[PDB]
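Engineer: Letter by letter, the chains look like this.
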Amino acid sequence: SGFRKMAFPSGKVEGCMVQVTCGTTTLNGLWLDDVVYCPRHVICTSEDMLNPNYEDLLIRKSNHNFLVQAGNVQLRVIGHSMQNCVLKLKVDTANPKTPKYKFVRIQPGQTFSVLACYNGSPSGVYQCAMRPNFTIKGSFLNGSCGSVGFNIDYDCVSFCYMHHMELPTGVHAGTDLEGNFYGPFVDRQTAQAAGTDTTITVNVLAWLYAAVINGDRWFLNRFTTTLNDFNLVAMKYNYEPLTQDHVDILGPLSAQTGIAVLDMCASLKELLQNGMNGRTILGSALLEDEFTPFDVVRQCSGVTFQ
Amino acid sequence: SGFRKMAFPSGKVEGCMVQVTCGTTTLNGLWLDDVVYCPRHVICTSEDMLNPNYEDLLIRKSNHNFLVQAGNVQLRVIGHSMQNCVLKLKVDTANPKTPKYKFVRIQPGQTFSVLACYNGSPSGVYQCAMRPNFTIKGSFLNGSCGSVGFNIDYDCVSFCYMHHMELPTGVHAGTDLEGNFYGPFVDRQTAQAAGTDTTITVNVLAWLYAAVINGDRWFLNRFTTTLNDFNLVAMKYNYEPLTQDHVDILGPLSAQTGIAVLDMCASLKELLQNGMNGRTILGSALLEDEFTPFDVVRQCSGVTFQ
Amino acid sequence: XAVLX
Amino acid sequence: XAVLX
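Quick mapping for you: the protein sequence lines, in order, are chains A, A', C and C'. A prime marks a further copy of an entry chain.
Just so we're aligned, residue 1 is where the first sequence starts under the entry's author numbering, counting upward by one.
Just so we're aligned, residue 1 is where the second sequence starts under the entry's author numbering, counting upward by one.
Just so we're aligned, residue 1 is where the third sequence starts under the entry's author numbering, counting upward by one.
Just so we're aligned, residue 1 is where the fourth sequence starts under the entry's author numbering, counting upward by one.
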């Protein structure tokens, strides 16, 4: 048993991280087949980052301006292309460690693992969730750009995120692997604010189910509620509205625990109105919303604890 | 910036996980050089696990009784040996992916990353801390035995834990890679209880420093305190006594933040006596003790936020 | 009570 | 305010 914020094994992603240097700017790149993907602001310097015209800056560079290092091996850039906010550097060598992969754009409320890299060398891995305002609460320092977020379906790496910048509130923003930003953010050092964040309700309910599968049942109650009366309380507490599709997604967890979804919503309503009164759920004193129903099933279905 | 429970990249450990089968028992093994390490209860069945004499059970087996699978490749066991609570299976092939490694036994309060594996296939990675009662709060299901805990110094994997069982309270127990259990636990399915757990005080203080480096300063105060008067309050709240060596370890964090250690202890004393009054620190509503000063320095020294 | 993995 | 990595 037990429940932890679990990241996917990073071995298949570690073999694709490279270091991309353009002038004095150095960041991480994703080496898949004979293409290296990296944030396009590697072509900028300190005087450019306020408001750079990236097409102007890119046309002033050629293939020899990009130094790509894969460990101690240097890759020759034989072609370059800008795809929205990411650079696509064609190199002379196909990555022999290239796993089967896909480029997917995830939804708010979904999770993924982050491999934080510095100078093409991975240093840590952790799980992240895309907030409803298209930000993530990660851990990124200088030189961490090019770090990728990913999920592993079976043997196929689903790349979904590339890190680009940090907002003034401490949250982080980036793009998918096609260069399209998550949210209304742009890769320039101007005053940018994320939208008002909300709590992912379906994730909280799945996390409550994980507590019951692990034997934390003090929050359960005899009450039940309608979906509309729950959504009325969810709005007051800045929770996303619960849909009928969310209830269907929580179906497998509802059957394994024997607790109806609307019964669990009545427990969440009491937790929202009353609080926890000093108690904890799965070792946490607040309601967690960074666990998807998939994350719970993958960690808790081999348990009963009836 | 940002602060997350960060695990080490698992690529160098993923290449060493194998599946060990003895009869109908299947678990994970650690393949380093030409030796496979696995929990010794792989030689037991359901009728043995109440009180097995492992030396009796091992002398009744030979090398042909152990089927070791590394992916689709089968390794022939050319020798076996019991080292305390782990089996050492000599195999015909040296693991070509063997990294530089060490076998270390960690201390209570120290952390490590866990690669949860099932049938020799890694499925997740997360950070864990050895509790003062020599347990860990992990996430392990059936077949997860043989999963290893590790730290990465530079390029050297420091193996420190191998999973063996779960206690009735939901916590987990295991051994170091030499087969010696952490704590007063034995590999048999009897009623076993962990000692009374305590909060790692030096980890809480380092975590408070990480909050200041990230700009959570609402808990700071003008007060300071003596080390003895803090240890008097720490005892009442089931905290470990703070030593002069702990203050020295927090030195680097004390210099970077400009906050003396005894000033931070006065803030912790107020947090212990008053609580948080509904506020949060680094997104948590309780005091975290699973971050060592090393874990904080590795994630926060590239920040100032003065 | 203790359960072997 | 936004800082590029």
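Hints are computed from structural coordinates only; laboratory data are not their basis.
Treat the hints loosely; a few may be bogus.
[To be verified] One-sided excerpt, in silico: chain A' residues whose CB lies under 10 Å from chain A:
id, residue
1, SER1
2, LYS5
3, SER123
4, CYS128
5, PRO132
6, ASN142
7, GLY170
8, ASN214
9, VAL297
10, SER301
11, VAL303
For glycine and all other residues, C-beta sits at the position ideal for the given N, C-alpha and C.
Engineer: Against the structure shown, which of the earlier numbered hints fail to hold, in ascending order?
Structural biologist: 5 and 9
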